[PDB]
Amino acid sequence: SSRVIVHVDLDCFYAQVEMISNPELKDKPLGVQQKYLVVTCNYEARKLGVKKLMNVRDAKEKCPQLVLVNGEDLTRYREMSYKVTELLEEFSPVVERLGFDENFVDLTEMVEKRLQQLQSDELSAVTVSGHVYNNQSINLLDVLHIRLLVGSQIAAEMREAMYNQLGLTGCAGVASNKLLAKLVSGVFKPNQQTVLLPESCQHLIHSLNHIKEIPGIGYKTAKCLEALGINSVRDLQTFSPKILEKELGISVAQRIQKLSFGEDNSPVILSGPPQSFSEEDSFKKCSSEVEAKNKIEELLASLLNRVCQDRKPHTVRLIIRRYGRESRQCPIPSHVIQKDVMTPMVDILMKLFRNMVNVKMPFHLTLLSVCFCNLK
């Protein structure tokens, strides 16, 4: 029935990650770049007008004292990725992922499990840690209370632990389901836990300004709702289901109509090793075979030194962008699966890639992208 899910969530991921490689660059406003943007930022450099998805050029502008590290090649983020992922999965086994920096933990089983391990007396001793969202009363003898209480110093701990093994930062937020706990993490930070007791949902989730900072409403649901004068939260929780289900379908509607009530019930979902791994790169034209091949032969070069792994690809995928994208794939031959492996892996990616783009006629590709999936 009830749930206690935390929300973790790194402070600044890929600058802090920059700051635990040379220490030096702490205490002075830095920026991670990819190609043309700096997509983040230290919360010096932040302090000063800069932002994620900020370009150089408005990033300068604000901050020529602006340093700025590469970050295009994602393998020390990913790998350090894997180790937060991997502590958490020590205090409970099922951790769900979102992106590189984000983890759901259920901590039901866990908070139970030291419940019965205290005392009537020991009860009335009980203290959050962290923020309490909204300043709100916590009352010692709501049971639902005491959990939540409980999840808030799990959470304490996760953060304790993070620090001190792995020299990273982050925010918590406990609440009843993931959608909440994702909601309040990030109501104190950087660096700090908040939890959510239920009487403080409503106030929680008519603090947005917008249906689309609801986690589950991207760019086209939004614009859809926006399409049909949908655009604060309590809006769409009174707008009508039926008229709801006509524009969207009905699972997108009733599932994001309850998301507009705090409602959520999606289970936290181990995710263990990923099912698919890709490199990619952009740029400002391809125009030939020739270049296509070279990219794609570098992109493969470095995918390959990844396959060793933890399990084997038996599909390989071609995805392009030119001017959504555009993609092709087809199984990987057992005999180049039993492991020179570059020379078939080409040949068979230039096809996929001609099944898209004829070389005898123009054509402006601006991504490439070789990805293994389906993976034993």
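Residue numbers count along the first chain shown, from 1. Basically, rigid core = biggest C-alpha set you can superpose within 1.5 Å across the two forms. First, how it differs from the form deposited in another entry.
- For the residues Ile243, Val290, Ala227, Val143, superposed on the rigid core between the two forms, a C-alpha shift of 2 angstroms or more shows up only at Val290.
- Relative to the superposed core, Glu90 undergoes a C-alpha shift smaller than 2 Å between the two forms.
- A movement of the C-alpha atom of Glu122 reaching 2 angstroms or beyond is seen between the two forms when the two forms are aligned on their rigid core.
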The other form holds:
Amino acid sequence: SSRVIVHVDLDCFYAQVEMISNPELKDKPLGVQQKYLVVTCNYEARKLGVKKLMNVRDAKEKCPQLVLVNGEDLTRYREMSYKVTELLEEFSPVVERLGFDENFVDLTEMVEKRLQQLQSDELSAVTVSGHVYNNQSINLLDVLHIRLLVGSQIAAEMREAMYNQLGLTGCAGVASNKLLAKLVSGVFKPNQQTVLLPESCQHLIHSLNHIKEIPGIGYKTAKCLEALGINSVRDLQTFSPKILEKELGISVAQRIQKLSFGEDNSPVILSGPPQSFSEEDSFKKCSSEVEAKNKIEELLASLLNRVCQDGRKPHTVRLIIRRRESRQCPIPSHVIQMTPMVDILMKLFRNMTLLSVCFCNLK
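To test you: the structure above is the form deposited in one PDB entry. What is the structure of the form deposited in another entry?
So it's only the chain below, everything else dropped.
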């Protein structure tokens, strides 16, 4: 029932794609520009004082010597994301994606293969690759330790294979479940990998500086918790289970309190092909008229430049706004094998600072 999971995380991802979509961006302070905000920055830009999601005013005032490229189209980032997943699936079929720049892999079949291609002295060579968290000694007699180094060497290959093949540097974190693997990967922040052996566990949850840093405890679940006298991870651990049941509910409170201890029971989900393809247009309360039309038309050009890909096609259409609301309905089947579409999306709008079109229910 103990596992080995690894968690692979692409570095300043959108920007690292850019330094390969244009070699001249190397050793330059690069930021990626989305409306009037820098969405992410390469490690030259981050030490000149540019910060992720700090306005592009102060991006150019802490670093008026910053270079910028556009990030309002995602295409190159997304393609380069799926080559990452694809590459990791070459190591194991079960890979779970998480946004464009993280992935998990269950290594427990592949660790249990690699321990049965070792005679005695290959086992005596079972070292760590990368760092160990909280600089913990390894008792190479604890099979949980043994397995959690076999997985870390596997993690090295995934990272070097990403480099030698795809050209991406990225961090990896190995640990007995998706949660501790996700928190340990970020520890040694530039390009490297870190493995959480079992006794290090509590040292990684109490190192957090607010329960919002817990994977899965979000914006609303922090508000509720903070209005109960729960701020520290240990508050959330020691708090009454029943009172948590009945302010947050049975599904949340069982889940997030079990998180605070470092527990995560969920398996690695083979994401496979995506569920949906969608696009967004933010504006400063600009759309105030049925020129909602234009952005609906404009968002549907790219979407039809997308939902002809990967050999599948959509059956439902959804229009999302914040004048969130959504209206959806099935695409009339004769359209599935532009413009008549547009009037469908206006039937959804007329049925109701942002407009979005979304194509899902792919078959």
